[PDB]
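Put chains 2 and C on the given structure of chain E with help from the hints.
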Amino acid sequence: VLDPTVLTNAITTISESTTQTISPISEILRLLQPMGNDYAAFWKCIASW
Amino acid sequence: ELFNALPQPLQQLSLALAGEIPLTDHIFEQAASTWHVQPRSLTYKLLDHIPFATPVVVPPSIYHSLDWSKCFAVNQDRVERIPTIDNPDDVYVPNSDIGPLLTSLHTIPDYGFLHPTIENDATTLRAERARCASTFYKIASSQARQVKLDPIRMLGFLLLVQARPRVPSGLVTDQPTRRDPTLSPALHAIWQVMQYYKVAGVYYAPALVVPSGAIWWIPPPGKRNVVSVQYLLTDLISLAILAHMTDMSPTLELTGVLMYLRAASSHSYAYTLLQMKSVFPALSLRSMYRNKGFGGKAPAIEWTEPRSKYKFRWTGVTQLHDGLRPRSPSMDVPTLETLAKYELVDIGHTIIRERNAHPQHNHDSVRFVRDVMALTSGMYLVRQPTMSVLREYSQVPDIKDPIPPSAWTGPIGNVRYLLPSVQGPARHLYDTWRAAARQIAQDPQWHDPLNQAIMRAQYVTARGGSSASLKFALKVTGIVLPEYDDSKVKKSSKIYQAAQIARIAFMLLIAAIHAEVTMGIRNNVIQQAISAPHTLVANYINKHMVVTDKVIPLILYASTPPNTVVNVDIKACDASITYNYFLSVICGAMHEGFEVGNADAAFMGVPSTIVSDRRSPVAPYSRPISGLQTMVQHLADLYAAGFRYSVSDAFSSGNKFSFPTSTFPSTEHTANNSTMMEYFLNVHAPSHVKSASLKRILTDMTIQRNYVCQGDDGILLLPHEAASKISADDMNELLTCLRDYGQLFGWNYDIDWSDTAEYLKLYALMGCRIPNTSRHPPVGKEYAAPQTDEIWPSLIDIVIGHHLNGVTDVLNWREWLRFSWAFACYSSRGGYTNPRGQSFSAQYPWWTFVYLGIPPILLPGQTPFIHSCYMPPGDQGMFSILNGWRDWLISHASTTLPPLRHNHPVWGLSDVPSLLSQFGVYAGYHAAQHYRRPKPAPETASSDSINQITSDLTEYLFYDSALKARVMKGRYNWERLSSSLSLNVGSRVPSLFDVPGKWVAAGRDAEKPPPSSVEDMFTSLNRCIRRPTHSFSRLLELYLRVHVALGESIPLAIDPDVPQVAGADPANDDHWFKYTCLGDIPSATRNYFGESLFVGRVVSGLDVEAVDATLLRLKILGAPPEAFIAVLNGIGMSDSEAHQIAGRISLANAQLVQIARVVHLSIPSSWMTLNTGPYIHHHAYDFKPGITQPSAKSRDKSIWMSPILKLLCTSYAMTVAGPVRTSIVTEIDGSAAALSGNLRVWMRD
Amino acid sequence: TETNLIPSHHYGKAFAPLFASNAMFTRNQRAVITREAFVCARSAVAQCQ
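Residue numbers (the deposited numbering), protein chains in the order written: chain E, 487 to 535; chain 2, 3 to 525, 538 to 559, 568 to 687, 694 to 1273; chain C, 827 to 875.
Careful: at least some of the hints might be erroneous.
From the derived model, a few chain C residues whose C-beta atoms are all more than 10 angstroms from chain 2 [unchecked claim]:
1. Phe851
2. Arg853
3. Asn854
4. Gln855
5. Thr860
6. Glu862
7. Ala863
8. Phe864
9. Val865
10. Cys866
11. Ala867
12. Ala872
13. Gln873
Straight-line distance between alpha carbons at most 20 angstroms, and here's what the computed SDA-like set of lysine to any residue pairs gives [said to hold, decoys possible]:
14. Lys839 (chain C) to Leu722 (chain 2)
15. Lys150 (chain 2) to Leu383 (chain 2)
16. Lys1212 (chain 2) to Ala496 (chain E)
17. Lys1212 (chain 2) to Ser509 (chain E)
18. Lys1026 (chain 2) to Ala965 (chain 2)
19. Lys753 (chain 2) to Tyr837 (chain C)
20. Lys839 (chain C) to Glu749 (chain 2)
21. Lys1221 (chain 2) to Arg516 (chain E)
22. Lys1212 (chain 2) to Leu515 (chain E)
23. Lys753 (chain 2) to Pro843 (chain C)
24. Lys723 (chain 2) to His835 (chain C)
25. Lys1225 (chain 2) to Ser509 (chain E)
26. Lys839 (chain C) to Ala965 (chain 2)
27. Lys313 (chain 2) to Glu828 (chain C)
28. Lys1212 (chain 2) to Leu518 (chain E)
29. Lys839 (chain C) to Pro714 (chain 2)
30. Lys839 (chain C) to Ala720 (chain 2)
31. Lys1221 (chain 2) to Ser509 (chain E)
32. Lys1212 (chain 2) to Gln506 (chain E)
33. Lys1212 (chain 2) to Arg516 (chain E)
34. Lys1212 (chain 2) to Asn495 (chain E)
35. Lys1225 (chain 2) to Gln506 (chain E)
36. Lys1225 (chain 2) to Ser501 (chain E)
37. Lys839 (chain C) to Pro747 (chain 2)
38. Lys839 (chain C) to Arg724 (chain 2)
39. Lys1221 (chain 2) to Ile511 (chain E)
These are calculated hints, taken from the structure and not from any lab test. Here a beta-carbon is modelled for each residue, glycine too, at the ideal position from N, C-alpha and C.
Isolated chain E, as found in the complex:
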């Protein structure tokens, strides 16, 4: 059961300064977390093999 509060909960507790303009936590949290189909691509890849 791939639950994405395990990846998110590890990145969200790295400490970064808020005074920086470009924030390297908010970029990757924008990168993966909008979610389409609860990450079912992985099943398709596995199914295809």
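Using the frame of chain E, we list chains 2 and C on its own:
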């Protein structure tokens, strides 16, 4: 049925208020004007519709009446002292009828007032009878005036709440109500009483209520209008309400009613209740749990460092057992015997039968204690003012051990010193006061000019005061002529005026030694200033000395069944301080301590005279005493002649007096409490208690620990050899040696030990606070005046003080919230008729009560009863409602109203300000901000309101010692700075020029504002309703950018089945949640709460939180350091003392609440009794980096930004009606640095 | 703790109302009867076999 018997507008409202229809302004308006138009007696018809099954039978001996002529004799020359029937104290009111002395008012026929002829006799020629009749009518129509409105109206709201069942909200822990109106003994005894007042099918209320007083109906020949029935209905209504907001069982409720029917039947209704006032907390609160099988849960509170900083900490749960039961005996034997004499014993055996069914400390058990304690008649008791003075003020205390006259020295002018030989309790009082006086006399604190202006600001009372007579009818003894009005003068002898009258020589002059002529005028600023060193020393004894954190936490610790607790209440601590023992040792000791000061140092404008000094028989010699000793020579010439009282009551007609006594209506009879108990535990009680064990316990007991003194009350909590206390040998022999200890010097100690705790009227049983709902009843409100003061919008502030004061109490909210809403609506239809012109009116729309604090029942998009009663008032609540349904009204106004062409950044292109204006939100928002009291008319003799001489010379009393230069340096250096450089306010920063204006605004607040002003209030009120600005406020329009969404409930702070607060059980939905999710004992961290306010010494004309905000509000901006000193010089602080404050005020190490105060976000009074300290700084995030957006990242500005965002979260978290939960700022519409800049535009004002 | 806490004084102050009477000497009287009734149950059972 009752529901289809109501009027069309009311049926709709009752439905609406209940929750079926979100109430609109049309539902509100038609229901408001249905009340005021229809006759008030018509709501008694609705009692005849409900069937009844309760076995309560009123006796026919209620309407019998011993007449007033036997019970109102003029014993003295013009004093209408009531001749008591059987007692000294049977003087509250006589149960007579006002049958004969009524002439029918022509506007409302068959409803008469005082006879026109009778009244004339009393004013012109006394009629032992023609004035005894007038003092009976003005008491019985004043005892029927101690009520918030007409009680017949307050009954009419309870029938609205009981018209329909409440719509089920949908919460899991929502219990539907068990109370049946067809099964209530209170409103069955109302209808059974109301059969007698029936003239051919119609009901006449026996006393319709008018703001001058009651209007009594004239009976037809054969029937009597006995005055007790109106009070018998005022209690029975107040029991019918307090048994539908409490879920009182019908059987328990029935017993309370039989208490009232016996009281109306006996000779005096008021008097009967008084002798059985403590007959109901004794049956239950005092006597709970004495049976075997006791055992539930109780909190385990600790005293951390006891000596000071009482900081109780909730630490654990105890499991009770058959041991640590209450060792004190039950009150059943004593109260029931007292109860037995009035023939209600059967109501004593019922409550005892209920109480034996609650053997252990549950939720159901402690709810039962609140049910019995809500049966005491909480109505106030009016007694003739002249009569009252005789029985209360003048009771000289009995001393069983006086100081012998050979124990004093020879006199030194006036006062005498105590000899060193005489030990005893008088010596410790002398030694604790002389040692404190020799600390005050050598001190640099009271030589600073700002400390003088503070001390002059305490004398003219900022709040309080009394009807002082004048000064120049008392200065005919002197030569000093007082000031008179330059221009027409409005204030009459206001304490402030007395200062104004003689301010020539620092508010006093040693030419004014005629301060001993007529004192204490009440039914003086130079006697308050002569009593400077008496409350200067008493504020040194009271060094160790609020309710929410220094009493509520305590009462709880004292009530836990580890430590047994004696509560010590001194009865008549006013009338025990006499010059025969107490006040001569005090003035003797202060005059001895005031010699270590410089003996030629003047104090507070009183010079340093010489004295006779005849204390040595071989050498009397003239000796120069200090300045502070000169006040003691005039205190001893004032305390020994007692206090004059020029009581002239308006209830009795010609009753004018001149009364001397030894009672003062400041903190000395607070200050003598600790030192006289310090001698008990250390010297007197180890001297003789005849018990080996008892003596051992006392030795290890101090008074800094194990005693908490306040006022006349106090709690004595024993050392830890506690529950294991032999009540036969120890705790009763400690009490009789205490009650005989106080009798040897007049202090009638009134001990009442039981394993509860009473501390300034907040009881708590077994670690659970029990609110007394009869302490502030629903229908009852004292007035203490013949004519009251109700213009019109001074009913709205009563309603918010009626709702919120019932929610500090854990009253059930759903029955209560509805009742409050119904009552609030009545208070929205008002009027004023001109004496020579048109009548006027106004209509407050609803949402003017949502802004004031009352949460709404049903918004148009929700389910009813999900807004908690802990919703903060104002912009914190108007945000926390609009944050709730912003997902609703955007979706609704997208499919209704056309979209706006521009973009509102909080909303979208969905147009909700034209939807909010349709619902009447803006009309409710701009109504409550509009003022409510009529402005004193702006009329002066001359200079278009300028050159007023009574306002400009009250400043002369406040400007002694060239302080005057500092507030002139303050208002100059700030006005040079602000109006041209930056931080341009436009209004005044709180400087010292406001408070002489504030004394006049609190002084020219005359009664009967003319018809020119209250018509101007009604016209200005009507314009802010018809055209309320569409735009919101400037704070609320920036708060609505924040989207606050809240998660799952926070880890609890109490194992939620120990019962902490009197019924906040699962019968109550959120009151059980917010008292167990958050805890009680509101002591938290020192980075949140710790009572700073970085100024402390205010001038008393200024708000402490107006300086504390504007010292922070500059520091948020780019304030130069000059703008801090120029504001702080405006308060009057010196340039050296302002600079130490100007460097301190940093956001780092600034209280979180204080930062919230900058933008007017205050922790309200609703949850002041809650531990919201750790909730704000642990939970309630401003940025949880995964749920929140990175757009809402308050970067560098977070130090001051986070506090605001954490209080917007907890304003939404307490407004919803479930458990408290972690509230996260999800996102801000516009970035947080685009909102932090938006506030700094507002913070320049 | 308290500031000037002399602990042997604090325990003699606290443990005084627990040795006030026969609290401890009820378990000894209970123990003797549970010994005599145990043998008299062991004897009377094993004499009927």
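Quick rundown of the hints versus the structure:
no.: 1; hint: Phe851; in the structure: holds, 19 angstroms
no.: 2; hint: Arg853; in the structure: holds, 17 angstroms
no.: 3; hint: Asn854; in the structure: holds, 22 angstroms
no.: 4; hint: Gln855; in the structure: holds, 21 angstroms
no.: 5; hint: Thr860; in the structure: holds, 24 angstroms
no.: 6; hint: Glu862; in the structure: holds, 30 angstroms
no.: 7; hint: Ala863; in the structure: holds, 27 angstroms
no.: 8; hint: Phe864; in the structure: holds, 30 angstroms
no.: 9; hint: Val865; in the structure: holds, 34 angstroms
no.: 10; hint: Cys866; in the structure: holds, 33 angstroms
no.: 11; hint: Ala867; in the structure: holds, 32 angstroms
no.: 12; hint: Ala872; in the structure: holds, 41 angstroms
no.: 13; hint: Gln873; in the structure: holds, 42 angstroms
no.: 14; hint: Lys839 (chain C) to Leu722 (chain 2); in the structure: holds, 13 angstroms
no.: 15; hint: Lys150 (chain 2) to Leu383 (chain 2); in the structure: holds, 14 angstroms
no.: 16; hint: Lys1212 (chain 2) to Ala496 (chain E); in the structure: holds, 13 angstroms
no.: 17; hint: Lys1212 (chain 2) to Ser509 (chain E); in the structure: holds, 15 angstroms
no.: 18; hint: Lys1026 (chain 2) to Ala965 (chain 2); in the structure: holds, 16 angstroms
no.: 19; hint: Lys753 (chain 2) to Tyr837 (chain C); in the structure: holds, 17 angstroms
no.: 20; hint: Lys839 (chain C) to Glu749 (chain 2); in the structure: holds, 7 angstroms
no.: 21; hint: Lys1221 (chain 2) to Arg516 (chain E); in the structure: holds, 15 angstroms
no.: 22; hint: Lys1212 (chain 2) to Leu515 (chain E); in the structure: holds, 13 angstroms
no.: 23; hint: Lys753 (chain 2) to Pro843 (chain C); in the structure: holds, 9 angstroms
no.: 24; hint: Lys723 (chain 2) to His835 (chain C); in the structure: holds, 16 angstroms
no.: 25; hint: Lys1225 (chain 2) to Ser509 (chain E); in the structure: holds, 17 angstroms
no.: 26; hint: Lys839 (chain C) to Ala965 (chain 2); in the structure: violated, 71 angstroms
no.: 27; hint: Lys313 (chain 2) to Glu828 (chain C); in the structure: holds, 15 angstroms
no.: 28; hint: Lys1212 (chain 2) to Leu518 (chain E); in the structure: holds, 18 angstroms
no.: 29; hint: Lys839 (chain C) to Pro714 (chain 2); in the structure: holds, 17 angstroms
no.: 30; hint: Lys839 (chain C) to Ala720 (chain 2); in the structure: holds, 13 angstroms
no.: 31; hint: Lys1221 (chain 2) to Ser509 (chain E); in the structure: holds, 11 angstroms
no.: 32; hint: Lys1212 (chain 2) to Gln506 (chain E); in the structure: holds, 17 angstroms
no.: 33; hint: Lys1212 (chain 2) to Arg516 (chain E); in the structure: holds, 15 angstroms
no.: 34; hint: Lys1212 (chain 2) to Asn495 (chain E); in the structure: holds, 11 angstroms
no.: 35; hint: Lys1225 (chain 2) to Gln506 (chain E); in the structure: holds, 13 angstroms
no.: 36; hint: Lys1225 (chain 2) to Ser501 (chain E); in the structure: holds, 18 angstroms
no.: 37; hint: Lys839 (chain C) to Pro747 (chain 2); in the structure: holds, 10 angstroms
no.: 38; hint: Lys839 (chain C) to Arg724 (chain 2); in the structure: holds, 9 angstroms
no.: 39; hint: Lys1221 (chain 2) to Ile511 (chain E); in the structure: holds, 13 angstroms
Going through the hint list in order, the structure does not satisfy hint 26, though it satisfies all others.
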